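Have a look below at one chain only, the form deposited without dTDP-4-amino-4,6-dideoxyglucose (0FX), in structure tokens format.
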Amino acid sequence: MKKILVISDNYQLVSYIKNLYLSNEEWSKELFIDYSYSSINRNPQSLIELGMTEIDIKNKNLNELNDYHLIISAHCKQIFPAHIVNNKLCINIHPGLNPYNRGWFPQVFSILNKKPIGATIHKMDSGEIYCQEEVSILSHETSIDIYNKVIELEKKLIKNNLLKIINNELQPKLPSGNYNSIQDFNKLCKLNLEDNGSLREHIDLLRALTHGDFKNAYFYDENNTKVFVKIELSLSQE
């Protein structure tokens, strides 16, 4: 039997792991799993509901982590310190296709730059890839659409690979890239009405920056009023 820690701020992926544990006897016989959300999460209520304790991974002492065979990061909002990843086997469930558009919001960047998008489970380092797979971007899709395919794919990757990774039955491999910063994200959000480009470029920018009800793209008008912008695309008219 192994003890495992999952550090996640993502309701869907945590629920999914929890549901696999409950529906798969192979998990329940082999594992004790503790689940924690990040101390920086501003809205953890639904994770609390789900069955999770707060952890602060930046200040957690290695001394309190000795029982864990490994730690899984599934969209943990805090970066793990170097000392955690060098002293504990840490595996990341990552919503991008390493090594393309590493960093922030891989699907936003892939919409714009056409590099592959997908999901990757890999070892953390200051990492080697156990499994990954690509998803497609279709012409009518926004950031939220692609992210939703990505989450779907992560669940598939978990379901088919995670127990094996935990049991050492799947060995990783160093990536054959590029990285995008939060500041790169924020530069994109600040639209320039005077930008000359193709309608295609400008629709892609709006679609990259459309993600649910929270708008990101904005301009300032003539009067310095802030106006947020999003786009809707559909294969139906109505």
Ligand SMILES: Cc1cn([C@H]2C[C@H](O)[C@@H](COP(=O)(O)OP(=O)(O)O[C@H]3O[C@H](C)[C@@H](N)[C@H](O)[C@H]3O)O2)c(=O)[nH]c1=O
Contents of the next structure:
There are 2 protein chains.
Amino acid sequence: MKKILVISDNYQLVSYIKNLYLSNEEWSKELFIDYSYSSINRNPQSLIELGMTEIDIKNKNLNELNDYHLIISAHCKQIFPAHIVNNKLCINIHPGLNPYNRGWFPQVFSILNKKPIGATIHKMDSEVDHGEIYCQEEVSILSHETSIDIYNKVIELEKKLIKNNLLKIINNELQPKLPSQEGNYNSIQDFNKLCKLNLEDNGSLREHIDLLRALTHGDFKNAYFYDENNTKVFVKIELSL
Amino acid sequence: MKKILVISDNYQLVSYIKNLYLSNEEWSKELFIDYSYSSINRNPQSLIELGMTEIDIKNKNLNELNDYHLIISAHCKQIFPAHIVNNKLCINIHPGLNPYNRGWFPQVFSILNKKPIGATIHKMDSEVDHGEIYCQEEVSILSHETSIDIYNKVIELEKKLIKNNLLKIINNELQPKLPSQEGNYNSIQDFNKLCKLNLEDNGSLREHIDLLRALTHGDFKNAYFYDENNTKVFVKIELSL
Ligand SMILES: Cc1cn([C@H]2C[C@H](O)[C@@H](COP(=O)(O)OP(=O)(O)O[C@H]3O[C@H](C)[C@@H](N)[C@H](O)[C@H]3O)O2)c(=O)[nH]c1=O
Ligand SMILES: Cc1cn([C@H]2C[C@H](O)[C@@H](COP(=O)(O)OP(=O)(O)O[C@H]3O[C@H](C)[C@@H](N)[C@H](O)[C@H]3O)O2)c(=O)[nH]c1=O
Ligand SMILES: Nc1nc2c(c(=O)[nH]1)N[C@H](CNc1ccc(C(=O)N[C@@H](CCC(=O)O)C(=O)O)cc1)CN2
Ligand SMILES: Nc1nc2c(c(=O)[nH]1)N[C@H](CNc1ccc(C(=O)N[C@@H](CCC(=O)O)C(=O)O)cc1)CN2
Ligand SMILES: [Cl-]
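Could you present the same protein in the form deposited with dTDP-4-amino-4,6-dideoxyglucose (0FX) bound, rather than the form deposited without dTDP-4-amino-4,6-dideoxyglucose (0FX) shown above?
Next comes the full complex, this chain leading.
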């Protein structure tokens, strides 16, 4: 048997992994799996409801990780320090098509800059969303779709990748390969610049609809303007066939 | 006593007028009120439920209307023929500030063109939304508001104008005044042109957000574009404090 550590702050992916273990005898006869959410998760209830434990991977002593054959990050909210990724096999499930729009909310950037979007399972190195790729697949962006629409496709794709590839990766059956290039990276500040709308901006209606749809994601409060009295107004769009 | 005919295709206004009658001794003691919806109303069920009768005022024979002291239009879907307005006292309750943005959906156009918006009770002549004005009041348009937001304010003000003035008009206690200018009439085709978005249109973000809020009104399917594959996509905006 092997011990496996999954660090996730996404209910859907951890639930999915849990369900694969309970329904697949190869998993349950071979693997022990601990699951933890990150200490910086501000709302972890739904994860605590599944019996997960908190972990702070930035302060976790290397020593306490010796048993683990490997570590999986499924939408972990923390950057793994260099010392962790360089001394333990760490594998990340990322909601973007590396190396395009690495970093924050890839589908928001892809709606705007037209680079590929998708899902990627990859080895972690000390950089973000950077290490060698085990599998990935693209998804499309249609004219009517917002962030949340594409994000939902990506999650479904991540589930597919996990189902078809995760056990092979754990069993050293799958061999990864360098990304074709360095790619591009988008930060939280970049997302924040986009959210601060400029009512004076000159552009096509197309460009403005695309900005609003990239920034439309459920109840998240993203895009805003200030009006002539300095009242803050958030803005989202709805597109329907 | 006086016989009054009310032609309305608007559940709220007709219901309000019926409520004032039921609640105000000055009304029940002085008035008999007949109520009809237009023969062209495609979904009159809610009005039929009030026991209202169908009328086609474009075909109605004038001799059949002799008993009426006056006729009130309250969001009537038909243009009254010259013969009717020139031989019966006809009064319209209009959800715009005449003479600005007369005709269709005044508040849509005011969001776009910044002309005043409001409600008006006026005498009907053979032109639309054009006769002498008994009373009217402006409402304002706030940065976060859509068509439906402003429309709701108009309807409320329509109630206040009725409550305060409609009996005075009926009893010849309030004399109307010419509109300040000829003004501008928007047609249905004008509305439909605005709905056909041009994705290549160049404008400020302001401009584009204003066009989309002018066209956002609950579940009506108004603004659309065609994508690359000629799929029709409807667009609404949400603005929120
Ligand atoms: C927080 C936030 C999120 N979103 C949208 C865009 C995101 O793609 C989507 C999901 O975000 P989420 O953070 O709630 O859920 P996850 O996609 O599970 O994100 C998690 O793993 C990611 C790979 C890390 N970068 C995140 O920090 C971490 O929270 O929601 C917004 O549109 N605005 C926001 O403020
Ligand atoms: C039909 C339609 C309406 N709307 C919005 C804008 C309108 O101000 C609002 C309500 O219009 P309505 O037709 O449902 O309801 P009312 O405001 O009662 O309008 C009625 O009296 C008016 C004086 C006439 N011009 C209309 O034909 C007649 O239906 O809803 C749209 O945004 N799109 C639409 O296609
Ligand atoms: N090692 C390493 N750690 C990783 C990944 C990796 O492939 N390599 N992949 C996943 C990436 N998830 C993220 C990426 C960035 C942040 C993040 O929170 N960035 C902060 C600050 C971090 C910093 O720069 O120090 C910011 O943008 O301000 C959080 C989770 C999880 N951790
Ligand atoms: N007499 C006359 N009739 C009226 C009003 C008026 O103050 N004067 N006031 C109300 C106006 N209601 C309308 C206005 C326009 C239409 C309409 O159907 N317009 C068409 C036709 C336009 C036209 O022929 O002028 C269009 O936009 O293309 C229907 C109900 C009720 N009827
Ligand atoms: Cl004039």
